[PDB]
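Trainee: Read off the chains here:
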Amino acid sequence: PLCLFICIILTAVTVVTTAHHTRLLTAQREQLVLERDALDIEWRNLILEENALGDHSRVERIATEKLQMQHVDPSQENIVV
Amino acid sequence: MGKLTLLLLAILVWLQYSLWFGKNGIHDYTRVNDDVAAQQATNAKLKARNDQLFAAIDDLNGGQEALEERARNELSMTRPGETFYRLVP
Amino acid sequence: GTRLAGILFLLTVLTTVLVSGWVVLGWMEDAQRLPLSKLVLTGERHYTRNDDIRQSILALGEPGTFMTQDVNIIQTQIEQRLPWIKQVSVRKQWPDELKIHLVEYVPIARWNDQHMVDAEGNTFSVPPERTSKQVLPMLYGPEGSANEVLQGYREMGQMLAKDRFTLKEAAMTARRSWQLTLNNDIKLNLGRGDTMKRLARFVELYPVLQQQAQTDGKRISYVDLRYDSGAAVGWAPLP
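Chains as they are written, first to last, in the entry's author numbering: chain L, 39 to 119; chain B, 1 to 89; chain Q, 22 to 260.
Chain L on its own, in the form it takes in the complex:
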């Protein structure tokens, strides 16, 4: 009958709807790819700044500044499981 003609209107609307959404997801996946790279590069910069700060040569010299004392074996209580 003429019902098929109306279905073509719906299908074309669905085609334009599906195409518009896929064109937006492609623009977002192309953005998530850039988002990950900036994270890992930021991640690499962080692990380097941690070593520059988590350096025992600089961690211990500030620890003893905060009234800390290296592990002494005499003053060390021991317990067995």
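Straight line, CA to CA, 30 Å or less: simulated DSBU-like cross-link-like pairs of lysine-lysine:
| hint | chain 1 | residue 1 | chain 2 | residue 2 |
| --- | --- | --- | --- | --- |
| 1 | Q | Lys218 | L | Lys104 |
| 2 | Q | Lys113 | Q | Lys59 |
| 3 | L | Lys104 | Q | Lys239 |
| 4 | B | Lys45 | Q | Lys218 |
| 5 | Q | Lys218 | Q | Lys208 |
| 6 | Q | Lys239 | Q | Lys208 |
| 7 | Q | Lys154 | Q | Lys208 |
| 8 | Q | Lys107 | Q | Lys154 |
| 9 | B | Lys47 | Q | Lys218 |
| 10 | L | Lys104 | Q | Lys208 |
| 11 | Q | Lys107 | B | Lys45 |
No wet-lab data here; the hints were simulated from the structure.
For chain L, the structure is supplied; the task is to place chains B and Q on it using the hints.
Mentor: Coordinates of chains B and Q only, in the frame set by chain L:
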């Protein structure tokens, strides 16, 4: 009927063919949606990994809550007066 | 004859319909233009009162009648007036019928200070007077991590309460460090490392830790636990 309706019929099937197998049809939507779904899930973990480490680094500068953990754990050093215990198997 | 009786019987039944259909119409027409007032608050209400819904619904301005008041605007307004409500369903029925159903959050822990958190991890807020009657743990942590601290608190609490300990406070930092608080102000200072394994150690060390607490008569101030197979215990003078 005849061709007055069949000419308009196969075109709908060609639209049904081009709806699933089109340039941006249903299959490309599902294919890209899964790629976007899995990628943004990873970026959540990567950001959570970086934000935690960024919070750790943000503490060692001008703060002593995290630096004291490094001094206690990795240098085994304690404060004056704290009775240090140790567990042996 | 029969048609005369019939048409008269026809128009007599026709007359009584138009009279009844007009008198009854006057009942429903004059009663469709009145602001519905009464409500029935169905559901399990523990934190909200009856006057809380009445004040929040007339705070929009005009009372509103049937065919003139949007139910979605009411359930919307009620949701922003009461943060402890999960979902509102405002429904009107004929005249003076304000069927407003309510569902509340159930606080199982006090997220930070001003807020609570239910067992499902959702965050909400309750005024202090309506919840100071119940005692529940104090959870702390960076924003958004309300559910993350809950998993830690329960996993740590299940192991801790297994040995008759009471976990009253559980604090987490943005860098994922931890700091627990036990009964009688026993502060536990944990670290970003393996937490469930450090916690399982303090459980085993506690007999000797308390054994030396009254040996010299000193309450356990804190137990700094961020060591490998070690723990530095502080001391406090008991009052």
